[PDB]
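2 protein chains.
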Amino acid sequence: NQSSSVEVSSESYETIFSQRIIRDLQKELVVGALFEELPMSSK
Amino acid sequence: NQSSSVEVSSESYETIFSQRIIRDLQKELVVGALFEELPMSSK
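Read top to bottom, the protein sequences are chains F and E. Note that the first sequence covers residues 162 to 204 in PDB author numbering. Note that the second sequence covers residues 162 to 204 in PDB author numbering.
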């Protein structure tokens with residue numbers, strides 16, 4: 162806080178680092194896996 | 162394939178010939194078979 166008589170060394174001790182991760186909304190999957198699939202065993 | 166050290170003679174030995182036979186859609190027949198039939202025994 163750098164305001165009282167006794168301070169702290171650096172902002173690293175005034176800060177809490179979280180370990181959790183957040184992601185935005187993403188595009189959905191639609192046409193990838195709708196058709197039936199024909200297994201193949203040659204060129 | 163012609164990428165490795167050993168190859169094959171032609172695509173005929175890299176192919177599968179299937180005996181399965183398939184057909185497209187076909188027109189439906191309506192008029193030939195709704196009128197009553199009159200048998201005859203002379204000209």
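Since the hints were made in silico from the structure, they are not lab data. Quick reminder that beta carbons are idealized off the backbone N, C-alpha and C, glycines included. Treat the hints with caution; some may be incorrect.
As a list, the in silico SDA-like pairs of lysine to any residue whose alpha-carbon atoms are at most 25 Å apart [as the list claims (entries may be wrong)]:
1) 204(F) <-> 195(E)
2) 204(F) <-> 169(E)
3) 204(F) <-> 168(E)
Negatives, chain E to chain F, calculated, CB over 10 Å [unchecked claim]:
4) 162
5) 165
6) 167
7) 168
8) 172
9) 182
10) 183
11) 184
12) 189
13) 190
14) 191
Here are the simulated distance ranges between beta carbons [as the list claims (entries may be wrong)]:
15) 168(E) <-> 183(F): 25 to 31 Å
16) 182(F) <-> 182(E): 36 to 42 Å
17) 199(E) <-> 191(F): 22 to 28 Å
18) 169(E) <-> 191(F): 54 to 60 Å
19) 191(F) <-> 166(E): 24 to 30 Å
To see whether the hints hold, each was checked on the structure:
About 51 Å separates the Cα atoms of residue 204(F) and residue 195(E), which puts this hinted pair outside 25 Å; it is violated. This hinted pair checks out: residue 204(F) and residue 169(E) have alpha carbons roughly 12 Å apart, not beyond 25 Å. Under the criterion of a C-alpha separation no larger than 25 Å, the hint pairing residue 204(F) with residue 168(E) is consistent with the structure, at around 13 Å. Not every Cβ of chain F is farther than 10 Å from the Cβ of residue 162(E); the closest lies at roughly 7 Å, contradicting the non-interface assignment.
Distance check for residue 165(E) against chain F: the nearest CB is about 14 Å away, which clears 10 Å, and the non-interface claim stands. Listed as a non-interface residue, residue 167(E) keeps its Cβ farther than 10 Å from every Cβ of chain F; the least gap is roughly 15 Å. Against chain F, the non-interface label of residue 168(E) holds: every CB pair exceeds 10 Å, the least being about 12 Å. Residue placement check: residue 172(E) does not keep its beta carbon more than 10 Å from all beta carbons of chain F (closest about 7 Å).
For residue 182(E), the condition that its CB be more than 10 Å from all CB atoms of chain F holds, with the nearest at approximately 16 Å. Even its closest Cβ contact with chain F, about 13 Å, leaves residue 183(E) beyond 10 Å, as expected for a residue assigned away from the interface. Non-interface status of residue 184(E) relative to chain F is upheld: no Cβ of that chain comes within 10 Å, the nearest being about 18 Å off. Against the 10 Å criterion, residue 189(E) stays outside the reach of chain F, whose nearest CB is about 26 Å from its own CB.
Consistency note on residue 190(E): stated as away from chain F, and its beta-carbon is indeed over 10 Å from all of that chain's, at 31 Å minimum. Distance check for residue 191(E) against chain F: the nearest CB is about 32 Å away, which clears 10 Å, and the non-interface claim stands. Our hint of 25 to 31 Å for residue 168(E) and residue 183(F) is violated, since their Cβ atoms are close to 53 Å apart. Checked against the given bound of 36 to 42 Å, the beta carbons of residue 182(F) and residue 182(E), roughly 55 Å apart, lie outside it.
The hint said 22 to 28 Å for the Cβ distance between residue 199(E) and residue 191(F), and at roughly 59 Å that hint is violated. The beta-carbon spacing between residue 169(E) and residue 191(F), approximately 39 Å, falls outside the hinted interval of 54 to 60 Å. A beta carbon spacing of about 43 Å between residue 191(F) and residue 166(E) contradicts the range 24 to 30 Å that was offered as a hint.
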